[PDB]
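Input: a single structure, listed below in structure tokens.
With one protein chain withheld, the remaining protein chains of the complex are depicted in position.
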Amino acid sequence: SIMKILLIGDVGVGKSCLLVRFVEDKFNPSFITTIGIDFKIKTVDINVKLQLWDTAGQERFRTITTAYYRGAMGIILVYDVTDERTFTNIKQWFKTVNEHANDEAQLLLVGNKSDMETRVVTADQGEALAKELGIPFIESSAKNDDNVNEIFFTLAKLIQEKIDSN
Amino acid sequence: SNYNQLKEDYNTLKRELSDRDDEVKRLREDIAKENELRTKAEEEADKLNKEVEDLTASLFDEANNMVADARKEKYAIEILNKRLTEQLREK
Partner (left out) sequence: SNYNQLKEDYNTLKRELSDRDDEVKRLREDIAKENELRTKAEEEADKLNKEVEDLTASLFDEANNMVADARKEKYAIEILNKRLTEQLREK
């Protein structure tokens, strides 16, 4: 009973480190540095099998990486709170999303590295971005395991809720 | 030259015209063929574009799984090293 999820944002944000932590498999490898993609499958109980893309977003496989946008049932738009320009680079991602994103697929914001505290963004400054865009908000630590399993659990709910509207 | 220049030019023109009218009936069918190629190529374009995630997923599945199995089998023998580095140790 599958669902397709994908992550989105700059290098250095902490998207490897989030996926690594969400899916607790140490035996799995990391290509994200060598080739520039990774792809994982975590089954979760809601009452459903996830499938998750991650990307260094470089040019070399841009044609394929794009193919993930088209079939992706949820996108996670991710930013660093220790980094200010990552917090601003978000809308150029958002239009980038909906030009490619299949309209009815659902999105979510993410404010990461709450952990590390030379934090530029507040939580309310984060919903200041989230508000306009019509999309749910969460912030997490990838290091300390804060709200990580929620990020994914909340997103998948919204999607199961969406299926049965029609 | 003058009436034969005529009678003859008209005859030349007559065959220039039938050449030209044919090449028109022929370019029209050349286009419809070239159309069929175009549409079919844009179908391929599209088809692949869709099929690709799934295709690529399948490579990753296998790639990860290959390394997982290899990694577990190593690990399992560190566990063996451990257990007998310590079967000796206390003893």
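The letters A and B name the chains in turn, as written, and every chain counts its residues from 1.
Everything below uses one rule, namely that contacts are C-beta pairs under 8 Å (C-beta built on N, C-alpha and C of every residue); 3 or more make two chains touch, one makes a residue touch a chain.
J.: Residue by residue, what part of subunit B touches the chain that was omitted?
T.: 3, 6-7, 9-10, 13-14, 16-17, 20-21, 23-24, 27-28, 30-31, 34-35, 37-38, 41-42, 44-45, 48-49, 52, 55-56, 59-60, 63, 66-67, 70-71, 73-74, 77-78, 80-81, 84-85, 87-88, 91
J.: Using the document's contact rule, name the residues of subunit A that touch the chain not shown here.
T.: The list for subunit A reads 29, 31, 34-35, 37, 60-61, 63-64.
Rule of thumb we're sticking to: only the chains that are shown with their structure count from here on.
J.: So how far apart, in whole Å, are subunit A and subunit B when each is placed at the average of its C-alpha atoms?
T.: Going by mean C-alpha positions, subunit A sits 31 Å from subunit B.
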